[PDB]
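Colleague: Here are the chains, one letter per residue:
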Amino acid sequence: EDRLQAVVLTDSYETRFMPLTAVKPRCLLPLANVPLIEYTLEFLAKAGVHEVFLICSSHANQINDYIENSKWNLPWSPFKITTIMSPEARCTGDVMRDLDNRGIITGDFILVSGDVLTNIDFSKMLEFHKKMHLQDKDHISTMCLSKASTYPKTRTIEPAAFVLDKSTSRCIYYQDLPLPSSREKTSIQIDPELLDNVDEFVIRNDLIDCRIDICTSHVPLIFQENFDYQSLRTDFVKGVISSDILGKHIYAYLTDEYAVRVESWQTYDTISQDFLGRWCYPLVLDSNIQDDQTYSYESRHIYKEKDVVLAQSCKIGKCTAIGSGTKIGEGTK
Amino acid sequence: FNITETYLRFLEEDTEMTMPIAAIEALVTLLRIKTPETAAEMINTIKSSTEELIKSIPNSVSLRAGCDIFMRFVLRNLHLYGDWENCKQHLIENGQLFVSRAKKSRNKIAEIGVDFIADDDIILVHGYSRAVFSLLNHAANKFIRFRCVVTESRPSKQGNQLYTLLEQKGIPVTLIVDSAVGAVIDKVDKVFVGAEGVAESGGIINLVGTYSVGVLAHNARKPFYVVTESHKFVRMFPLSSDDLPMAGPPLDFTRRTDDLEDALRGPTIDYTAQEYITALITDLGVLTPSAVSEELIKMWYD
Numbered sequence: 024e025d026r027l028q029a030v031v032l033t034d035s036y037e038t039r040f041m042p043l044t045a046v047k048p049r050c051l052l053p054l055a056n057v058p059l060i061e062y063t064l065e066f067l068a069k070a071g072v073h074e075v076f077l078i079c080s081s082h083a084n085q086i087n088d089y090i091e092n093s094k095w096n097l098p099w100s101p102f103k104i105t106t107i108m109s110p111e112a113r114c115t116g117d118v119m120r121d122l123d124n125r126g127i128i129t130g131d132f133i134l135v136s137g138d139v140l141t142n143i144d145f146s147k148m149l150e151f152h153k154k155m156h157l158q159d160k161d162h163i164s165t166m167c168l169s170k171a172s173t174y175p176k177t178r179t180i181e182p183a184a185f186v187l188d189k190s191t192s193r194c195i196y197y198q199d200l201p202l203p204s205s206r207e208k209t210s211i212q213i214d215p216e217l218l219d220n221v222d223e224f225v226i227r228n229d230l231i232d233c234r235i236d237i238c239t240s241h242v243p244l245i246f247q248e249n250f251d252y253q254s255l256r257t258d259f260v261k262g263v264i265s266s267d268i269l270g271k272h273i274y275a276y277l278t279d280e281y282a283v284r285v286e287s288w289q290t291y292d293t294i295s296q297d298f299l300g301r302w303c304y305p306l307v308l309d310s311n312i313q314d315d316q317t318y319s320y321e322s323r324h325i326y327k328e329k330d331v332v333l334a335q336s337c338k339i340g341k342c343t344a345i346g347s348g349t350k351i352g353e354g355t356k
Numbered sequence: 004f005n006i007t008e009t010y011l012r013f014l015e016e017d018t019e020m021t022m023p024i025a026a027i028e029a030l031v032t033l034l035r036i037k038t039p040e041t042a043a044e045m046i047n048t049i050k051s052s053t054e055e056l057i058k059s060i061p062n063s064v065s066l067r068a069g070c071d072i073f074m075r076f077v078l079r080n081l082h083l084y085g086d087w088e089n090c091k092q093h094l095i096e097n098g099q100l101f102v103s104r105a106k107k108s109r110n111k112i113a114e115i116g117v118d119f120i121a122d123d124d125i126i127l128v129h130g131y132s133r134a135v136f137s138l139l140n141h142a143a144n145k146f147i148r149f150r151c152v153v154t155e156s157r158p159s160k161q162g163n164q165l166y167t168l169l170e171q172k173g174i175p176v177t178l179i180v181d182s183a184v185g186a187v188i189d190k191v192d193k194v195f196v197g198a199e200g201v202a203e204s205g206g207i208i209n210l211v212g213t214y215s216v217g218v219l220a221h222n223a224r225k226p227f228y229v230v231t232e233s234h235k236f237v238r239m240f241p242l243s244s245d246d247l248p249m250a251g252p253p254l255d256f257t258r259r260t261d262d263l264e265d266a267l268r269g270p271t272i273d274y275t276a277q278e279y280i281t282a283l284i285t286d287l288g289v290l291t292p293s294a295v296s297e298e299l300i301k302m303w304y305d
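Protein chains in written order, with full-length UniProt numbering: chain A, 24 to 356; chain B, 4 to 305.
Okay, chain A solo, but in the shape it has when bound:
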């Protein structure tokens, strides 16, 4: 059960952020005055990772220097970081074949695309992955899911519809829809090959993507075998389901608690407002993870670090955070 290795997909969703990612990398950008990688690394440490892998090509030098300065190059760290240097801008499938050629994957490995902040304990996830792997031999990868904000009417970038089992929690279909932004398409066609094998069909759009994966040793061998697969969700999951290799299973995990992957600007804005609020119970500014952080919680959701300078007769609002060594003038809201 022990010894766990992780692979992080960086250089993945660049230029998806339109004005930025020009000089400095995607994941260097701060959410709450602290880099996005730091959140992911904290999730790795809480999960129990012994060996860390990172995928850097574009602005790779700045990433490597940041890891040099990081809290994990120091000997006491539970995990060690090794960077993968690849050709500039390639699909996830191409990187998977590169890693299989190098051959470091042992048993069960971890793959995360993008940077995700979640308060969900991973120890439960590992156990249920292992329990379901002991159920049948040909079982592959694990997917995370969380319940949405009642209706996803504001969420347009992630229109992923999931068809799931009530008994075994196996995914059946993945579909993207333009619906509310572009009223053009309405139809969704589903394969009727798995009708009586499941019986208890459950179709949901009210679930948020996470793109966090627990994967077996089968995965890198399949990527090299079928080099036509470029993506990991849109074509790959659907390809696995639609009788590519008969008798192969993939997991879908439901969790009540907060887990949202960063992808767009207006999603980033909501996650940030959720972090300022007490949505992520452990993940709060006051606990201080970067060690240099000296944030203190104040009532009405107001965050202030040490050495905060403020002018007299100034009003502060709700769900606000201010860094260290900061000066503010009069008449400010």
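If a hint is listed, it holds; no wrong ones were tucked in.
Computed list of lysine-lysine pairs in BS3-like fashion (alpha-carbon distance at most 27 Å, straight line):
#, chain 1, residue 1, chain 2, residue 2
1, B, 145, A, 338
2, A, 153, A, 271
3, A, 338, B, 193
4, B, 190, A, 356
5, B, 91, B, 107
6, B, 145, A, 341
7, A, 350, B, 145
8, A, 261, A, 271
9, B, 193, A, 356
10, B, 145, A, 329
11, B, 225, A, 341
12, B, 193, A, 329
13, B, 37, B, 50
14, B, 145, A, 356
15, B, 225, A, 338
16, A, 350, A, 329
17, A, 147, A, 160
18, A, 47, A, 103
Over 10 Å on every C-beta distance to chain B, these chain A residues come out as not near it, computed from the model:
#, residue
19, 112
20, 123
21, 248
22, 265
No lab work stands behind these hints: they were computed from the structure. Each residue gets a CB set at the ideal place from its N, CA and C atoms; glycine is no exception.
Keeping the supplied structure of chain A fixed, place chain B upon it in accordance with the hints.
Modeller: Chain B alone, transformed into the frame defined by chain A:
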């Protein structure tokens, strides 16, 4: 050689040389002339000079308290039955070292007692002590947000004096009368006070309206503060609400007058009980309730 005359010479000075610390320094100078080798010749003449000082006192309490601590230190010197000369040299030197300790204590408190004033808190300040104002100034030096409300105390007009000293710093203020002081306790976070003395019981010896402040704050449940330098402790136990050492009037009722001359007379110094004080601040740590008495028991060994 005189001691009352030496204390009278401090007119335009003050501020740095605190009123008791200047009287203690005057006690050491009078000691070091006529040989501290003899304990019969010197101590008796020191006792006579303190008695002459008390007889010349109009409305001061702290000078009597400061004498006690001096005496105590003198007696404690040769408690090790040490050389009647190195013990003496250490006693004479502990006069300038006593005044130097007033600076070190102020350096301690102004970093400890800034913690009590939180993010954006409106303060109603009453009285004037060098410790409380030093907290107020070195919090402004710490760049912290606080509002200030001035109480119209009536001894030698202290409110106006306090208001002008707050203007020289750069902190927004307005005059509040001690009559209307009840109507302020809702827009005030915390109430602060500077004391003339702190009781054996745990109560306070203060100015022309401080008990009244203490009770109103107890009604409004809003905190009540006492901040001072640790030398204003007497073995005094004011048993009742209106009993204090006085040279002038303990409430006098005058006859029928037409020219209007005999009027003013009211209790200029008033006591408040132990229950009304929420917090007390000195250089001797952060302590309030039974702490004062334990200090006095430790000193007096009785």
